[PDB]
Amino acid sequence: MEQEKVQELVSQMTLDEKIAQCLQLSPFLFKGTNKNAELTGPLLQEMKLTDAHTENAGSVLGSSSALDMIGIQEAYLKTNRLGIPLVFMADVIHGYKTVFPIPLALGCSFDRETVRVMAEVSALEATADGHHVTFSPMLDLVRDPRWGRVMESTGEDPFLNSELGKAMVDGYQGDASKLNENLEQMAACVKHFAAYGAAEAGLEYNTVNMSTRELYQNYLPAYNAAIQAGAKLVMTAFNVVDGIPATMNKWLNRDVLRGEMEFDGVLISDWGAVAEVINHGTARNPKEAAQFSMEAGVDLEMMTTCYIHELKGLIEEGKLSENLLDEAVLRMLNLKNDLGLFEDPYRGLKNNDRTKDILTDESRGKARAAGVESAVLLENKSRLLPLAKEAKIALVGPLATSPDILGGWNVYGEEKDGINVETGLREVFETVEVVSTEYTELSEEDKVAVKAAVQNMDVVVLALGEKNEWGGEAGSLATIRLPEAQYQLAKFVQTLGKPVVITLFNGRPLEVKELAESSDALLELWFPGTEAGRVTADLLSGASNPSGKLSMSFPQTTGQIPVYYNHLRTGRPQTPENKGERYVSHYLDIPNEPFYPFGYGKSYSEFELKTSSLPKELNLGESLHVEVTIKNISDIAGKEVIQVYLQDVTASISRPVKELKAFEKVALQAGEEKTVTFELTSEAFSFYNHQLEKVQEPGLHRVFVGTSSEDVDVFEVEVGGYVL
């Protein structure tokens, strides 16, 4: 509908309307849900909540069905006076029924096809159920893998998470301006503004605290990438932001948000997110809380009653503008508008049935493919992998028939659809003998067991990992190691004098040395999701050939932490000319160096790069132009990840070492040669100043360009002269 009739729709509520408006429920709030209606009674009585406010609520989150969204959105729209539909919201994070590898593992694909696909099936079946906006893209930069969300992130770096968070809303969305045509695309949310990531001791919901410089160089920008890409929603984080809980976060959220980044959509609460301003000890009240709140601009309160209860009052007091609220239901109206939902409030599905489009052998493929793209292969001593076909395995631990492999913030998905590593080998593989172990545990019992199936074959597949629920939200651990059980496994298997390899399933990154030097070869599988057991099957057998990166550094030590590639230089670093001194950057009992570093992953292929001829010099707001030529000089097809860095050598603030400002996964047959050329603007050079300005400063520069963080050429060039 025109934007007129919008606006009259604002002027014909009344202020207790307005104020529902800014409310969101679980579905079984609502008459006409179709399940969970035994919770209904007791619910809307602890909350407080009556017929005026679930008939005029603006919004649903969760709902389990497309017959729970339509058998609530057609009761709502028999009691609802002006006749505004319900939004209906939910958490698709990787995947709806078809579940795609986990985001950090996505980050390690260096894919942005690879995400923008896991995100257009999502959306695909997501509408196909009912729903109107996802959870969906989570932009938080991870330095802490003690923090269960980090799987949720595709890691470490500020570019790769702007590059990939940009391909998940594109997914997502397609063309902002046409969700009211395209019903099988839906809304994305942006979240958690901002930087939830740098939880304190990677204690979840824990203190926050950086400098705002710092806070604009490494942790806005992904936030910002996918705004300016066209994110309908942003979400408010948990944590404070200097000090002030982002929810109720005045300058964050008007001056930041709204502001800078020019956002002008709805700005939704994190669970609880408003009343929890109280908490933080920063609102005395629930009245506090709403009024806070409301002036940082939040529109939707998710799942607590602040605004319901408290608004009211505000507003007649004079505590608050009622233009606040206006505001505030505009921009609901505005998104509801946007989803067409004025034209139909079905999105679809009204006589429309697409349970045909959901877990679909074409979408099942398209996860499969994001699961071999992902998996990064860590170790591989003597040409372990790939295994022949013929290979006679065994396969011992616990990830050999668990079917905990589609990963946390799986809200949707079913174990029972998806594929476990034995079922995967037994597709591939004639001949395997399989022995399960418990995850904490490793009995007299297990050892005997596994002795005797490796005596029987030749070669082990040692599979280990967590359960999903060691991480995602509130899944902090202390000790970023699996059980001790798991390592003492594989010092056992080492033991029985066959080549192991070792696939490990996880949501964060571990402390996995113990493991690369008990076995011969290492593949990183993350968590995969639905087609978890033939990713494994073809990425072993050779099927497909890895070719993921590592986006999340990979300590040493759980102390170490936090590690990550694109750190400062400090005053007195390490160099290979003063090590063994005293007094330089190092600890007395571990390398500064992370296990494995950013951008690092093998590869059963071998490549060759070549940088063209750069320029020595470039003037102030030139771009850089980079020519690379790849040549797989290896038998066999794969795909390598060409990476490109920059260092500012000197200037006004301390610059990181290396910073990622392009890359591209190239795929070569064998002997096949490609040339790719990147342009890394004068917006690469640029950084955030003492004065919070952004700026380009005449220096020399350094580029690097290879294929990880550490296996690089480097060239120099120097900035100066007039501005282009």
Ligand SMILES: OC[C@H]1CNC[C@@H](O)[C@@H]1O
Second form
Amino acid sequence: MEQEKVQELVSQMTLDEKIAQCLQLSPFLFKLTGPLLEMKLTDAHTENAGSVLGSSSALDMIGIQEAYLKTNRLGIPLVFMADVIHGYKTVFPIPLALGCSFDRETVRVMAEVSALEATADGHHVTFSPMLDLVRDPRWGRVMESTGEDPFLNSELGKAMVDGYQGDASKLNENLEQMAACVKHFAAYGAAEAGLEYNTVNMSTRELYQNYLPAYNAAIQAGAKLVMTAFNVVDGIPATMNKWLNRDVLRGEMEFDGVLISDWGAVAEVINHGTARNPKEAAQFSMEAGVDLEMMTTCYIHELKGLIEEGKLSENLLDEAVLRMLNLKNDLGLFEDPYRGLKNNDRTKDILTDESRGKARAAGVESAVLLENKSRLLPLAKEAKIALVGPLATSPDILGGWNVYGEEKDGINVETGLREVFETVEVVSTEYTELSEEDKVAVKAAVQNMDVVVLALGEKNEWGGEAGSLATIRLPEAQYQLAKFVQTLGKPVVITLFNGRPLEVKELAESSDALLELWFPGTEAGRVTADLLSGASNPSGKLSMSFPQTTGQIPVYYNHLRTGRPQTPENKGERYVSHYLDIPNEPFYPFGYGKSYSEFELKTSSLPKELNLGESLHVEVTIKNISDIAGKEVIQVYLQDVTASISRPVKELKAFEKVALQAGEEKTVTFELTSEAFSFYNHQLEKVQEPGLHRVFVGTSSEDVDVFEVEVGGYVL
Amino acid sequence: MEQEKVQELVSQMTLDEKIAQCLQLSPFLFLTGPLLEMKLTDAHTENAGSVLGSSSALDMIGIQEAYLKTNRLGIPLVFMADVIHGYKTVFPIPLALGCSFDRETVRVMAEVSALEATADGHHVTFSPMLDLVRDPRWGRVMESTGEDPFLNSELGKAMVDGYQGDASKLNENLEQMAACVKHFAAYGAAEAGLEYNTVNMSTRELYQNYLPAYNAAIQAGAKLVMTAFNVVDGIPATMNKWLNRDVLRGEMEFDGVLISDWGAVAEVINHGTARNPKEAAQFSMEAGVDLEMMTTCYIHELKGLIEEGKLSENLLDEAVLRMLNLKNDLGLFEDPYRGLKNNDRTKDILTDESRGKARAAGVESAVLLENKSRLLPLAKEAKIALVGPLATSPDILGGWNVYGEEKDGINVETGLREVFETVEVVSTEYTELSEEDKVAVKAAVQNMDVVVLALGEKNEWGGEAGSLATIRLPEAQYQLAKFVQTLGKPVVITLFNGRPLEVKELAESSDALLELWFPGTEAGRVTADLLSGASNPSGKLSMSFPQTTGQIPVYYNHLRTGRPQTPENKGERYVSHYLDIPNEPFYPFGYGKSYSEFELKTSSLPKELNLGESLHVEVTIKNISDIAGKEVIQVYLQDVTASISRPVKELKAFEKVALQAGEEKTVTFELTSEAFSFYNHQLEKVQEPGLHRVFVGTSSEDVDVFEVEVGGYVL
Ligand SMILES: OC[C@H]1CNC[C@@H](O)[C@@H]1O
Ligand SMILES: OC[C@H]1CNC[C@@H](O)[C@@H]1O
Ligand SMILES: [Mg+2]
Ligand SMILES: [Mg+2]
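Next, give the form solved in complex with the ligand, keeping in mind that what was shown is the form deposited without the ligand.
Expanding to the full complex; the earlier chain stays at the top.
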């Protein structure tokens, strides 16, 4: 409807209505993803509630919205939000696995299928993408990030927004698309010691340099909402951090949508010690520009008094309400509140076979082949497989942050494998035990067969929100099982399922091959069977570093040099940055992964010199020199050798996953704009300095050729 | 000499002499870091400003003599040294001294340290180390007094006072020496405990927690400051103009010699914030570094910088004047040999009085962690199986022991045989447990009645560039403790180490556990007196002992978070917790045991206070046992609501109280309004009205709690 008619609705609402418009509730409070409050809610509140989160189906939505609209004075429908993180009913790989795809289109398609399905079940908004930079795999929520690189995260974040939303300015018309909500603003992933909800602290320069850019990229691509974070940012809970949410989010990032609090985050500023009571919480959150309080009541019980007493301007409340109605209008809810459903059952769009094929393709793009000694893999279709371990038959392959997908529709590893291989003998074991009976049964299966598929992994409940692990290891009984299997003298493939980097040194050393499938989602067992038999060829690269040991954390590829770097020419000298007991290198680095193919790359002649403000054009010719078709991820990194700030030894600035038939050769070009060469300085200005840069072209952060470009002269 | 004659000397120096006055070299050029080709000339070494690392009185005299024969103007060298926790008489490592909670014990260590060092010709000590530490992977935790800014501040002042005494009389008091505060700033926050690694935190947090101990040492009159190896907000400290000009010289009104850490001027290159030695030199001198340690950026580049007009020579004169003013503060222009030349002071080194002082530090600094069922003290006739890698190892002096010698130290066996009549020793290796060790251990335990299991680190596993990713003893030591437990006899573990360690397995496999750290020269007597009860353990933890490596960083002064774990939400899902460990460290800050038992009570406090007013806290303590001992009364404040999320507690006062059996005492603390203040969002030091809780007790966990509402007017 016209902007004038929306603006008129704000004029017409009472104070109590405007207040309750800023409240979101779970469906069970209308006629959980967070702890529950005595909310002292009344009909006056529920009947003017702004939003519902967590509806369980289309029927739930229609029932709630109809009842609500019978009894709402002005005809303002509810907006319905949901956690669709890595799929709705067709579950795709967890986002950390999608990070490892290095494939923007895989990520967009995931989001598009997610939206297709979620809009079918009544959902208008998804609480995705999660754009938190992660350097600490103790934290359970790494599974939700695409990993340790700002650039990759930025790029995949835009891909998710574009997939969920399409053209943002046509969400009133395109009703298989939905609104994206960027979370969690900001820097939540830096939780101290990987402990859930724990203190975050870094300098404002670092926040800008590495922690904000991905939210910013998603905002600038048109993400309709932003969600606040649970953590302090420089000592102030993000939810009532005026500087962060007014100066940065609304000012510098020019964000003009709805700012929804995370679950109880408005009330929690009390626990955090930056508000004495719900009256103070409310005032501070509304001053900071939080528009929508998720499942707490500080606003409804306190805004009136704050405004009547003059401690808060009612203009702040009117702008929140206006952003709330503008959203609803952007989704076309004033002309169709059921958003395509009312007369048109879309159950047919949910869990189609086409969608399953897309999830499966996502799986095989995202898995990461870490070891493959002696061309153990791919296996022949007639290989006789002993399939053993806690992930042989476990249906727990859909991953964390799976609110809507069902395990009964998922494909386990055994089922996946029997579709492809004629001879399979299974011995399932428990996640945390290794009994003598297990060992006898394992030994018999392995004696019968020719190759072992050892299926190891985490339960998904060991990560996600409030799934922090101090030691990033599998249960010891799984390391014992891999050590037992190894004594049996048959080649072993370990297929590892998990949601965070783990200490995998002992697994790599106890097996011939190691494949990291993360949690692929609905099609897990087929993803696994296709990669193992070679129908698909592994093409994923690590988006997060796999530490030598828990105590190496944080370790990441974009790290600073220090004043005493370890060089191969000072090996064994005492006075160098090193540990006494481990290497400085992570066990597996960012951008690392194997293939059944072999590639050669050649970078075209680059200029020695470049002007400031000028783009560097990087041309790369890649050939598949093997007889197996496959995909390689070309990666381009930049380093700034001398700067007014100590800059990282490398930073990814471009990537492209190139598909190549056997013998096939392609050329790809990359533009590194002058923004790629820029950084935040001491005074927090985004700057470009004359000087030397090194450009690295290759297939990991370690397997690269190096080139020198001198930037100076005049400015373009 | 008079200020005018100093100033005049600067006026009379040539440019090359001014440049070279800002160079410090090791004795061999007339090691505590890597060496460069320095391309040094006679003109360089004849005008050098300073020597570090002289190895005796004679070395120094030799060097000053030769040097003074060729220096054109008669400007003597100043000699600096690493005297960190002792010279020849070695005291406990500073982390152990932290656990003393005893200011006076720390001042004496420092006084004895100066007494000895000045005897060997040293004018300056690169002590105190005042880096806040929250990460025990870092080897240099041994050199800090631990995780608390206040305790570090307080003990930091104690050390400055002990080395220096009256700073205005260092030309007169020749048994005292200049202190150099290090490492400015925040070096201890190295990422993942990796040596020299990135440091990053918000400026507010730098002010709130990382800066105050350096500041307290500066205000107490520390004569020098040393730069740190790490970046601070992305810029190597050494060339960090903001840090060194604005904060150090401006806010902290520091007006002495700023010395670089070893090669740190040149290493800004590696850090990537200077292209080359000319850039390094220019930026370090801008930042106000007066003395380049054992690199040559200044020597080879200041001239060209100045002539080219990229640097003003006034910055150089300012650096030179500071150098001369130190020498003059130390009295070198009247006596270049600083009391040595005719008065030989060998007599003052390693005396028995000094030894008794180090033993005393030892018994003040050890921490008794477990003592199940009155195993300790042991009866002097107790028959002891003494086993393990620290049974006989002479490696008990600690890291950062440049000058002390192991032959003069007392090992655990020797200490023990002085007190106990029956001891059977079985020495094992630090990283192995052989079948043969086990047969020999089994037989000694069978013979005796109680096991003294002596476990520990070699000192080379910490100190500078002694980072461990996993904070555990060699697995063979935990195996040994497990084996001993199976033999059925009571076990005391005496643990020797320079860092917090995962000791849950050691506490569970033993009846008593005593943390000696590295006590120094008297280690074996320290151990023997505590075990026999001649001394009663009185140390408390100045650093938290994590449940596991993966808990790090864990510390008592932590923020609440938005979802704190409360007793009334246990095992609920949505609370800050780990799935596999508790939130609490294995042992907390301020924890430790005694063979006595104490009762405390706090007199009535006001419910309200004016802004700017002090809270006066009166505490009556009684020893209610038959055993004389000491307790450390500790007072914490919390700021329940503030414009910045504040820690759940912060230490603001402590006093170690000595009590005979039955004795009772009253001690009063003043908490000034500054103890109620903190750094805000805009980096202002502030006091806000509101509620504070006050906690009085004997650890961060064993406390009574009292509320005070601050507001009203300002005093
Ligand atoms: O369910 C809504 C939200 C709850 N708290 C954590 C968020 O990631 C989630 O979207
Ligand atoms: O030896 C002098 C200096 C060397 N580098 C580290 C410092 O702590 C030390 O005092
Ligand atoms: Mg540069
Ligand atoms: Mg307060």
